[PDB]
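Could you put together the complete structure from these sequences and hints?
There are 2 protein chains.
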Amino acid sequence: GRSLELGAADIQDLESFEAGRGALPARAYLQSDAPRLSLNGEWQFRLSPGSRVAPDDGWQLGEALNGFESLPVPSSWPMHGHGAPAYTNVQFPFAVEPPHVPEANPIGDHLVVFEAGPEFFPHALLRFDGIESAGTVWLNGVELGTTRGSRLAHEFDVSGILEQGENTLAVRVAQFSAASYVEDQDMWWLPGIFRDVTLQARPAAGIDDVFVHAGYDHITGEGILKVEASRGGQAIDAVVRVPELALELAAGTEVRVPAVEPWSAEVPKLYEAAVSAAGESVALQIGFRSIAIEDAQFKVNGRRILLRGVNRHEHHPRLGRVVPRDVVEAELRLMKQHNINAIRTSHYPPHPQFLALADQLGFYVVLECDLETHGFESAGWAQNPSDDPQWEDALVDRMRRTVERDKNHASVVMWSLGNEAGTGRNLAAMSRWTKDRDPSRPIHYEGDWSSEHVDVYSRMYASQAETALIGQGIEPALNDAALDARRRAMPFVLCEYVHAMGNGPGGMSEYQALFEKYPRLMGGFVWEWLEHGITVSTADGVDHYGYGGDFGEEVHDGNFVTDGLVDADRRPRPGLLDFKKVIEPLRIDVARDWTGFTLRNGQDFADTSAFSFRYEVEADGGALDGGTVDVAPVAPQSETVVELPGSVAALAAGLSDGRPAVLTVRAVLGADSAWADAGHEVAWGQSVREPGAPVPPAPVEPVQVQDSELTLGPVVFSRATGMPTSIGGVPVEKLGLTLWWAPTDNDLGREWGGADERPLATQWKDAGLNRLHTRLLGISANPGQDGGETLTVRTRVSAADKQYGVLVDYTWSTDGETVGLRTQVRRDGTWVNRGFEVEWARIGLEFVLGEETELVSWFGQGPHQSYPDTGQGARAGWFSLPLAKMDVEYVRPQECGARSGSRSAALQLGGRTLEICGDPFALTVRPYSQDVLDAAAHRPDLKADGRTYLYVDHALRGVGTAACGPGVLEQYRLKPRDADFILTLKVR
Amino acid sequence: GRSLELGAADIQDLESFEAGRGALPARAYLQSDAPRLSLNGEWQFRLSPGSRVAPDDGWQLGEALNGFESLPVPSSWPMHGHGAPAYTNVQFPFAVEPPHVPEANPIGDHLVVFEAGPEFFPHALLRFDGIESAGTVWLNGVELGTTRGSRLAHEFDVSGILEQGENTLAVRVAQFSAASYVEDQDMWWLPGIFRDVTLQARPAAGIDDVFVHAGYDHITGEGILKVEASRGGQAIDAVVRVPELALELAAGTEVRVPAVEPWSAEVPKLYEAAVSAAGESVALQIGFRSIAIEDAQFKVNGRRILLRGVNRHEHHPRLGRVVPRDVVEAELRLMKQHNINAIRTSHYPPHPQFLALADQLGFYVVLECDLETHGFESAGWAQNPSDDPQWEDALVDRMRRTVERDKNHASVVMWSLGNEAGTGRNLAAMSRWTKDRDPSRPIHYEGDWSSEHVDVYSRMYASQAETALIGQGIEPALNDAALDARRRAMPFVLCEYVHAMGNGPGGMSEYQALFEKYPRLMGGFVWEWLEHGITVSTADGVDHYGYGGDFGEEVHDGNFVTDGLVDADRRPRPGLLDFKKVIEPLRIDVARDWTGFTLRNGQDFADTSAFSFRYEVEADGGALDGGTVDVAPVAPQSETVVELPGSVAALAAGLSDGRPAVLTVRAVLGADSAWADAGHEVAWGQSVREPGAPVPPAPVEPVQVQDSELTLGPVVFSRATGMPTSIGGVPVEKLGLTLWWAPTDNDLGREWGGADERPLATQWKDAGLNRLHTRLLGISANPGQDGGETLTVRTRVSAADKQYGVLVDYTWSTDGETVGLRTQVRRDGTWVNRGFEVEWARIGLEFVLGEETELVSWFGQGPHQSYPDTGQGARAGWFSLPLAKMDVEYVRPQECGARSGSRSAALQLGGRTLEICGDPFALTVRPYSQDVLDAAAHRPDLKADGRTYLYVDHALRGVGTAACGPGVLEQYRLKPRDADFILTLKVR
Ligand SMILES: O=[N+]([O-])c1ccccc1O[C@@H]1O[C@H](CO)[C@H](O)[C@H](O)[C@H]1O
Ligand SMILES: O=[N+]([O-])c1ccccc1O[C@@H]1O[C@H](CO)[C@H](O)[C@H](O)[C@H]1O
Ligand code: NA
Ligand code: NA
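Residue numbers (the entry's author numbering), protein chains in the order written: chain A, 22 to 1009; chain A', 22 to 1009. A prime marks a further copy of an entry chain.
Derived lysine-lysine pairs resembling DSBU-like cross-links, with alpha carbons at most 35 Å apart:
#1 A':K786 - A:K964
#2 A':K456 - A':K320
#3 A':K786 - A:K786
Just so you know, these hints were derived from the structure itself, not from any lab.
The structure is reproduced here in structure tokens:
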């Protein structure tokens, strides 16, 4: 019985536990004076849906092509119409039976013709910096080998195969392979040759690999330099010239430069250098820095650093995994502009070019090997490749290539074995190899909590509580006494925290307080830097981002791929604005009397000499006083009290009580930096003289009784409902109590703990908060003042099939100019349902106005949204925006746009403007209803209906981060309760 | 402070705990020779959306009508374009704050002008037989009163207010009222005057109320007759003439008729009678029957009866609660035609006309008062009206009116206090009143399990297990010793069981076995008789039923209103067909050797003399032998063995082994009955000589190898997939394993018990059964016979992100005429997921054929569908239907149409037909895919895609009744396992 199935050969290679075949050794990516020819451009592409019908028709030659077509290389090929993106979070998109590949497996045949001059002879190589996920390579029909590790680099000796003149390079790329089982990151499955292809000549007497070792002696200030160079794996003679430090030395020997300026992310000093031999010179930037762990702290150059970090994925909304270099230096300067000083390359090494930019601009980076086996957790880690001895070779090759490529860059301060890969023998072999190859950086891996084979203790989304226990080193002890002693001596890092999906993330301040208070806490990396939105052009031609499912997936994880501080096009979300203020590197506590302010330098190395300290006093109309104050530089981790000019304090003292004014002390960039122009704001602080409470109007005007309506000054009531129908000509279509909001992404998440496993959003639906109803109980006039009268409208708010309720008593008084509105809420019945207390989103009013709103202005926090557990970035001021820029363009629309702590507010409606005053309320103004916003799954599903939805909230919930990790914290949860609050309105 | 809200007066009447105002006493509905004028016809109608804007503009007069329009009366008015039906199951459609009514409360103003002749003077009354839910009545602008209890009757004295000639009658009808809180049945909320309006003259010396008392002495055969008559509540002189029994007697005296033929549902003997006084005669039908409880059995006329019952709601797909009398006698004759002998009027008294038809046609009925407070359960029965002393008067009035109207009808054998109303003081007062007023019928109420105030123990959906424990009186004892002693002495009835939603109900046979085995078990009433589908005409003009939500509800319960044995138009579902055979009143066990058959008479009173006993022998082509056999009548609960003609046995013996033939003994109606023509089938039984197994083809034909395809006789394989591409010209687009089916309604239900709270349908989605995938492992030819060869195609079936799998090995042999196909399935891995074992719907194959199928024929069970725990109604035979009549037109489409126990099968595809043979398999043939059927929410969402979906199942799950009650029973659950099965195909 002989076998008759097609394609058995390709499939057995794809299902291989072995690493690629026939490539050269792993080495650093080096800047070399050898000639190079980038084969990037416009290739030819043919796509077959499986190895069983992938033609073996000699396409690899370049002759008689049938069924090819122009495609760009580098590309993620489902971004150019061939198939589609497919998004899965933890679930594998194929049956889990390693190492087998599904029958449906896109095969992409790639072909380019190039010219090879005499520079590339007698010796050259081809270099592929990234092939997702398994490539086979032919040069002139001759097999060069295979690539494994989709974001790793492979090099192939083409000596004797590369011909002079015209060559034909052919690569066959399979989307799925056994390697898929170990590349299960939470991102888009996008196959292709997404990184540079390059021909490089290899002259004789060259340099293949260089290993820079540039340490720093913080007690003496010495550099410690030893540049190793090698050819064909042997130490070679080469000369090391670093001009600026006045040294020439031999490669291979360690020397003590007498005094160097150390490298950090605050001061990223880079000495230019070259190592050269007869046939080849190599350029290097060199940062003198030394990483160590002592007294359970993570120290750089002798000082405990604080990691203000994010998790950078490589994604672009129209090119997939290809990220244009202009987009890279833009997003990285964006990061510095928001006080970020660390980056973690979740969850694979980045583009080779990325490393030098982290060296230059200034970031502590965690360089992470391409390894993740998350999809195996659901089966209790059965068959997990991290513990299958059949994968040792494959995984150690991923670590070697990872380490080798980037070992020379001072910005990488940690190697990371990978992510969400379980525990296992192979992980320990990856650690063992790395400690041997590069003892100079400590080793990170979160997935083995025992921390046996790492040097730092690392967790994701550990609660603010557990983080305080670890900060004091009193977390519960490991079962192994020996292991526990080790882990207790490591510093602690959160590689992922404050999950920034949608509206949020809440609770950042609580985490930051612990980072400053506890030295064993290293800091943390927000999840994540960007959303992976993929732009989708509609029939109309409107643009919007699509997410998981939108592209036809059979299994997918929805909008969980859009969970970042910036959108796919790097437009900041309010979370970035908040985070920037949270991690701000100086704190400015402005004194109540406006005489000075305390300045703490929170940096680890720099002093304050880089910063101009400006102040301004803003009153209602314009600025009253402003300028600059000179601060004698304060050391890192030192504090001074700096006086402000006496004019500022005298101005505060002479304010008529109840007149608002805000003192803002800014710290801005004295001079341009590599990442921002002079005057860029780094840190700030404020003191506010508040307005007094608003004067309730005298109830001098009485209540006029028509048969169908009532009238009390400028407000028109309906005798059937009790609610206002107009105020000063402004049509009022509805007025009621609100307790609910269109759920955020965190509200859609399950908050672990509590026997209530339903998401808050579900809790609400079950409770009926989204479908409240109001019964009218009574309407009265009552003795006012000098003939005038108050109006009291009694209602009860509740929901169908529910016994709990709230009584709401609206009480109006008017003098003819301003309407007064007192609102009282009292609970009737226990607000219990399906066994669990109900929690409210808010305690407010919804005014539905009959006309459109063009412009919203307020006094309070701003300019961007704020909620109880967010809003740190929103300062006290006077703001004014067009309605459409009050919204927040989240990909799945949801509750956003509340401006908390608001004191006054004006909506410009056609010709008239509507002025609310009162004690602190949260303002929100949208052109569509809450239910339109809740049902909407993408932004085009939001349509204005010509009215205005005015939200005035006397209380709000926090937002938390329950979509992944901690929910709203106790101090910010909103339990049902009685409440009382006063407003005053006015139309002009 | 004086109150300024509109409509405070109507609302305080609507919110009233009191019963109607100013009507005459509750009395029986009587056939009287007094003149009557039905005000039914075409009324005028104005609809206001709340009492606060219901005009008080003197519409009640009939002059200057503004905003009225022609409407039929009786009507449910949302069936005629005014508003819409709204379906809620247990949830109230308004905030639960009794007695308050929501602001949104349709007010329907009704007006008719009629002519009153001299017959109606000086004394007459108006009679409303039903007003949902609160009516106010004016005759010539003069208030007559108010109605409460939507399916109860009210009568108003119009003496001195009804004028001669032309009158104007005005009724204002509010949909919601305090009474809504006690009318929360699981049905459509439809307001209006849905039952007859009638003017009736009341001559002097008349009869107002009559109370028939017609018992039976089963030891002597005597009738015991006493007809009470009364006027203005006092016993009056009247004469009682029952011609047929040769008696004239005075009303008020009890007499002993020497010998009467008793009344039962099997023999509903009705003696015509009249009671008359000077001004009025009243006609009566009189059934002599006596109900008693002894030895914990429910006995009628001395014999323990068995209740073969259903729950009749009053519903019509286009008229709502109005059920045309032709539809009533049709549905009731339908019921008799399916062996039903009992009816329960869930959950309100029916149309007055219904009672006489139950007397005549023959049904034990449970007459149920309009009371149900289900929506209060979710709050722990807080504020439940059954225990609020403020409702005593309202509820006792509902019981009185209920009892009074129908007390004279022998078919009612139980009064029922209501349904799903909790326990409470008012319920006990309802019971106390009823025992006093009418001691002759026992009292039913399920909602108080202690059974303190009832005479029978009644439950819903108690499992087959608990029912056997009760059958033996060994259920766990009540906490109160005294109560427990009472309940243990009552007989037991299931007022609702075997929930017949969608495909089902499964498990009827298990219940029936217990009914026969245990005398304390009275029987049961299927839930429910009909679906409440409401027809919806689409733009195309296609008709289909809509259900909850489809009409715009804010809260609703989906398709739970369509849960019956017949659809809204009384077209039978397969459940009725099964149920008819289950409850069949004789059992015919046909002997294996075909010499005779055992006959048990299961009736309680009749013998077999009504039945012709026919037999037929059916072979492949036509009938071989047939006729009639004479059975000496067997008593109720007796058995005989009746010989069949010797020709029948000799025919069986002379059959060549492996030739199929079926002996069917039928018991049909010898002569016409009030409910069916002669020859109607009542009970049947069969013995089958099976076919032998099919001969596997000799593998004489070899496997031809092209580069792209294989060929083995008439079958064409694809070398890439391994699956057949054609068999005898018939395009085969896909062939694979099936383990899943589009979930039924029961599969969508939560099966209580087991820590798995997810519905089976959810279990499956979580497990991936709906999205299986097949990887190909190998293909071989192998040594066959005389040059020929088998083909073995090895696959593995599984699902993305899952480790469990099944290996499937397809093995084909051919001789050139017939294809042989052996299929083997073996488990690889534990089929566990989210902590709970996965269960399969089936173990079968899905053939997707490229051409349409016109006609399906098979040998096996039929003609209607069958599944392991259903299909009793399907007999052994030869059947043949067009494809579209293989389907089942469920309102939410779902898994149906499997014909289990099938031996052979032919699909006619254009010109050729495809013949499957093999051991018992379950056949199914649909014109659309399973996923089309699962996604479809209504029948118009099913569209044929031009192909054929052939389902051959070697194993199946039962269907159960998990949508309400027990799921699939143990013996019918399908756990994963290895399996082996052989098929043979053939194309002509
Ligand atoms: O770490 N976890 O316990 C965990 C629980 C639920 C979902 C994701 C998850 O892991 C984390 O999720 C984030 C953000 O979505 C990223 O995908 C990250 O790579 C992953 O480690
Ligand atoms: O009786 N029950 O415990 C129960 C549990 C869940 C849903 C309905 C239910 O009660 C029963 O349901 C049926 C069929 O849907 C009818 O509505 C019936 O009137 C009701 O008593
Ligand atoms: Na994510
Ligand atoms: Na139902």
